[PDB]
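Undergrad: These are the residues of each chain, in order.
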Amino acid sequence: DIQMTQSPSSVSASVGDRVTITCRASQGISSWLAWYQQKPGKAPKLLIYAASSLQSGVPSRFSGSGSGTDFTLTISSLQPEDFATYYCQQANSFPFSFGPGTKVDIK
Amino acid sequence: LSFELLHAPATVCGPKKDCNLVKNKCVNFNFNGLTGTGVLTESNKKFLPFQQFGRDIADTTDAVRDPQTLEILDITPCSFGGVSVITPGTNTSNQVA
Amino acid sequence: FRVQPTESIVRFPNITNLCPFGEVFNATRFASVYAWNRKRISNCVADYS
Amino acid sequence: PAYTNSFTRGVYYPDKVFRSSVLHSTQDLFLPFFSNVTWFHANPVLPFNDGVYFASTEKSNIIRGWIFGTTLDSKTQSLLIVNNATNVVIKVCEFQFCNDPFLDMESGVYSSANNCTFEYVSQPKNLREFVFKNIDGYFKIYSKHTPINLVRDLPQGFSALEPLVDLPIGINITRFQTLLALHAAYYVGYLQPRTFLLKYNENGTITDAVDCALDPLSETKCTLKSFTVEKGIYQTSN
Ligand SMILES: *[C@@H]1O[C@H](CO)[C@@H](O[C@@H]2O[C@H](CO)[C@@H](O)[C@H](O)[C@H]2NC(C)=O)[C@H](O)[C@H]1NC(C)=O
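Chains as they are written, first to last, in the authors' numbering: chain A, 1 to 107; chain B, 496 to 592; chain C, 301 to 349; chain D, 11 to 52, 66 to 127, 138 to 157, 170 to 228, 246 to 300.
Calculated directly from the structure, the hints in this document are not laboratory data. Check before you lean on any hint, since a few could be wrong.
Calculated cross-link-like contacts (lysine-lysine; reagent style DSS-like; alpha-carbon spacing at most 25 Å) [said to hold, decoys possible]:
id, chain 1, residue 1, chain 2, residue 2
1, D, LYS261, D, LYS293
2, D, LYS293, D, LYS185
3, B, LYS540, B, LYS518
4, B, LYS540, D, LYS26
5, D, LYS189, D, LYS170
6, D, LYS261, B, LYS540
7, D, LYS178, D, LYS26
8, D, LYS287, D, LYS26
9, B, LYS541, D, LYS26
10, B, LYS541, D, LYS261
11, D, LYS189, B, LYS540
12, D, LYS98, D, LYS185
13, B, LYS511, D, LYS189
14, D, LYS189, B, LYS541
Ranges between beta-carbon positions, derived for each pair [said to hold, decoys possible]:
id, chain 1, residue 1, chain 2, residue 2, range
15, C, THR328, A, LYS39, 26 to 34 Å
16, C, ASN317, B, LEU516, 20 to 28 Å
17, D, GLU207, B, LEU516, 37 to 45 Å
18, C, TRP336, D, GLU152, 21 to 29 Å
19, C, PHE301, B, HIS502, 50 to 58 Å
20, C, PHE321, D, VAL142, 28 to 36 Å
21, D, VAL142, B, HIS502, 23 to 31 Å
22, D, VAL142, C, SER332, 38 to 46 Å
23, D, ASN72, C, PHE301, 56 to 64 Å
24, C, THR328, A, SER53, 16 to 24 Å
25, D, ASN263, C, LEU318, 40 to 48 Å
26, B, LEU516, D, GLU264, 25 to 33 Å
27, D, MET138, C, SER308, 48 to 56 Å
28, C, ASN317, D, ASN84, 26 to 34 Å
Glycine residues also receive a C-beta, built at the ideal position from the N, C-alpha and C atoms.
Start from the sequences and build out the full structure, keeping to the hints where you can.
TA: Written as structure tokens, this is what we have:
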């Protein structure tokens, strides 16, 4: 059992800003992590997996980083449709545990 | 799984299964290596913590501490003896006691 | 006249610290052959049944 | 150094057998009654002749472990039985050490980090008595904590030492030394085979014992298997 304790509870930003979301684990999930975008009213979608990868279809502005215990997801060209909550699902231990969530607003 | 043997004492070694404890019946017992036959009953004897089993004057084991639960059990050999037939003589009757 | 024993019982201390083979044969992700991983299991009661 | 006499001290339980009101007689290693034991007050290395009787009256925790071995090097093991403020560690490791080893981390562990085998943690105004022997690859320790006050020599009385734990090290030991907390009176006595007549009371606790080789009266007591004898002539030995 591994718990997701990502530090940013919520981040305030606007269009054309820089936002970094840091996810924290408790054991060796060094290269088994995924990121998801959850727009209200619809199912989540995958954008980053294996802590460094780009899903086929997503734009080239979301980049995963970090290895070991800490993991950071960074965006450099924030766009209004990207405003949602983010989760860092693990993949090391088989009982996968999702993340708490991180809301981003319009400011 | 690669096992290996060495002069050092073994640290990984197999388990020892146990049977449920029964009393008031002559049953063979193996209490942590003590082998014998007798009737096991609850005992009021007071054992020191390190002491494991008791002996009598004639060096015959009488009390043993159960390994799983720290309680004292008295070992009593199950009954034996002789059989004697009481008869009034076949010249009078064939009924015996 | 002699009564013979009816059952045979054996008592041994509680089996504790069973060996951790559960992780080895059940882990979600095993290693690639070139990097075979070695786990030294020690000080334990091992049951292969 | 100084010589002091042990007056009926160093009797332990030779086995884990419960005996009630039995005058058992046993043949094992015991410290002879009324035998001189060397007094130390500083602490060099000492031999290990089949067993050693350790007694320390220090009220502080300066005495905090012991070391054992025969030709102590990085190739052979050693007994590290140091006493921490909250626990103890049983470190049997193939290490050597420099001269004058002690504890202030340890002063001897500077070079004592080679090929260690087995580890264990068991143990966390009065007299501390310890008996150490190593037989058939088993190391046995007996301890007793008796309150002694305002007495110079060993107290006049009887106290039975109870075993702590037996450890299967299975190595050779010839030299013995304590690890004094260098940041000091303790007695040493050696055990040789002797015949003892232990007296168990109704609770299984040893109350008094007789040394079967001290004087003819004790041999007479041992022959009759009683602690008291009556008027008469008794044949004891040949
Ligand atoms: C050996 O295992 C048995 C089985 O659990 C233990 O028995 C229990 O001990 C606890 C501890 O006090 C009690 O609360 C339970 O009621 C006991 N259950 C039974 C069925 O006896 C036993 O204590 C263990 N012994 C040791 C030395 O660990």
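Undergrad: Taking each numbered hint in turn, which are not upheld by the structure, reported in ascending numerical order?
TA: Per hint list: 2, 13, 17 violated.
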